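Engineer: Residues per chain, in single letters:
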Amino acid sequence: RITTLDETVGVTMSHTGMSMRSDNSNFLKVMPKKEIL
Amino acid sequence: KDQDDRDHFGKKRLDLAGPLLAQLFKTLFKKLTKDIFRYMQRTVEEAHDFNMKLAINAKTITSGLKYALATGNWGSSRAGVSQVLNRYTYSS
Amino acid sequence: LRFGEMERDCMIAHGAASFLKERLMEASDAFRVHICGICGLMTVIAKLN
Amino acid sequence: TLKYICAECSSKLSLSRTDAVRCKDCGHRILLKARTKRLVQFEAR
Amino acid sequence: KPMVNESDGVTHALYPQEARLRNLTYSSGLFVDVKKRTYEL
Amino acid sequence: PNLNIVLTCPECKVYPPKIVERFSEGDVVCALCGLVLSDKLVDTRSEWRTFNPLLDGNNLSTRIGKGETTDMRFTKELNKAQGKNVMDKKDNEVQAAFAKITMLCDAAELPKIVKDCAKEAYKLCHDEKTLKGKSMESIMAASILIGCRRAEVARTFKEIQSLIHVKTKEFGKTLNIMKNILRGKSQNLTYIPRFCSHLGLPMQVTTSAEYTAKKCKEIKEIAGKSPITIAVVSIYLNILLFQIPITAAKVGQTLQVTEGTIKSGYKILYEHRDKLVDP
Amino acid sequence: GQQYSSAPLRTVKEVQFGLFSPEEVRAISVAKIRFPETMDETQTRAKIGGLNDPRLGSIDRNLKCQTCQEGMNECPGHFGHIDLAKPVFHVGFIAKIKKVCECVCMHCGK
Ligand SMILES: [Zn+2]
Ligand SMILES: [Zn+2]
Ligand SMILES: [Zn+2]
Ligand SMILES: [Zn+2]
Ligand SMILES: [Zn+2]
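Chains as they are written, first to last, in the authors' numbering: chain C, 251 to 280, 294 to 300; chain Z, 393 to 467, 474 to 490; chain D, 1128 to 1176; chain E, 26 to 70; chain U, 99 to 138, 147; chain B, 16 to 66, 84 to 218, 234 to 326; chain R, 3 to 112.
Under the rule of at most 20 Å between Cα atoms (straight-line distance), these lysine to any residue pairs were calculated in the SDA-like manner:
no. : chain 1 : residue 1 : chain 2 : residue 2
1   : B       : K55       : R       : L65
2   : B       : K267      : B       : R320
3   : B       : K122      : R       : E39
4   : Z       : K426      : U       : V130
5   : B       : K217      : B       : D159
6   : B       : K132      : Z       : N449
7   : B       : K144      : U       : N103
8   : E       : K62       : E       : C31
9   : B       : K147      : B       : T188
10  : B       : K155      : B       : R181
11  : B       : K132      : Z       : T454
12  : B       : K190      : Z       : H440
13  : Z       : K423      : B       : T134
These aren't lab readings, by the way, just hints derived from the structure by calculation.
Next up, chain C with everything else stripped away, as it sits in the complex:
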């Protein structure tokens, strides 16, 4: 069956929206005239 996460919620809920913990992953990060002549 599906387990239930049973804490004070907002610890787990803090990672949902903004959390200021960016990246932590490496997935999709992306002359003279006579002389030159």
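Place chains Z, D, E, U, B and R with the ligands on chain C using the hints.
Structural biologist: Showing chains Z, D, E, U, B and R with the ligands alone in chain C's frame:
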């Protein structure tokens, strides 16, 4: 032998909360799975950084579940599924 | 209250059209308009002041 | 100010205007109007 | 478990008596254990 | 010119019309001599039963979907005909940014009031000389922070930087010039309980740092030094008031800070342990 | 209620059904109307030349209307024209136009 009679009750089926929600939740996850892939393809095309937060939109599940039980519609496909609770008496 | 379709029909059985005229005008909406003598269409800009 | 009562612990707060909708101690927000102090006359009939 | 994320951002417990008065959604969040991969073929 | 009908009682003629309107009869009566003025008052709450100039103005649009027993190619002709006529106006970028605004606002879980003020702020700037480029996301995220301040919310720069790449120095100056536009078109206590919600703390412990952060300003010494870490040392002091097992390493990874910083703030705080007790 | 006038008060008898000539509308309408907007740009008054200019009949009691004057309980409104550069058919006259084409010549038009 005679004709098949469609008025036999056992030949019909009923749909409660579960198999109604199985039709809905399959479609809502079907929409979001492609839109995550839309965030996959456009990120490597426009050459930017990936973001799992921006990859998945919660409103694909949030607005889907709220608006469906709001009206009697389910899809206009199906209609009149949800009604308000009858509280004229305890027998109601 | 709504003066229905069939309720008009019972008044024709009696036939007193004066009650039929009074009900659908003064009790309903009354209006005084103006039209030209030639082209019988609502066109005349009235300024009876 | 006007006298306000909490939902759960029923603590008399009696705050004022622009004082935020948040009860003290308990974290409830359902506040109450509280009853008046003047008499109400009825009839037995 | 059923919860409400309030307007400031507190995501705490929930009880249906308050949910009847505040006109909300007696609802619980759902979470997915996601796995990311990359094939280089 | 004029176009205002002043309804006055010719019997009285003593004042501007202090009259009465019989809404239950749809009539307006003189409130002095007792004479009616005009029958058949039209209503205002009646036409709203079958049903935005603040943002869209006078601009209208009509969605043309398919019918039910029609040809599918005809809708393709109209949307191509709608496609050639999208350059008659320039509001197509506005609704596209608004879709991106609604994309960012709902992913940030912010309520619909913050959706209002952000589109309110973006419509004020929209397109002027002082913009010029600015990478679009920057004036979006600035108006996002406008919705943080105007709707009394508590958002940080790194919180938006955890979502968007705005490169800070471009982000703040573009936020600064938009403020002067708002100036040209005429409080860390809110940040406290969100972190308490991030840590999962009781309300008496939540208001314990509130009385801490209140009295920390009036006490003075060492001044600001950004209130973010001043908020988190109010947390670490009031958690040292009790016995909750968190310490500095877990709260360091939580709010993304520095363990060595808060112990230096703890140094001035343990001296200031006197002027902070309430019960 | 209504203000007294002196026009001959009669009744309607024969009623004729007819169609419009386009120059007849230009001899009746009072405005060209080019602005697709509703009210003013300042979110008040009117566009004047938009979809609800004061040249037409007004409502909302306190508004007076231009050419009709009076109020909404007396003004019956007016009419305006919009002319184009390209004629189109009418939905009610599709097949009735089609039957004419199935009965007349396409060159001499006989
Ligand atoms: Zn209380
Ligand atoms: Zn003049
Ligand atoms: Zn009077
Ligand atoms: Zn008029
Ligand atoms: Zn011919």
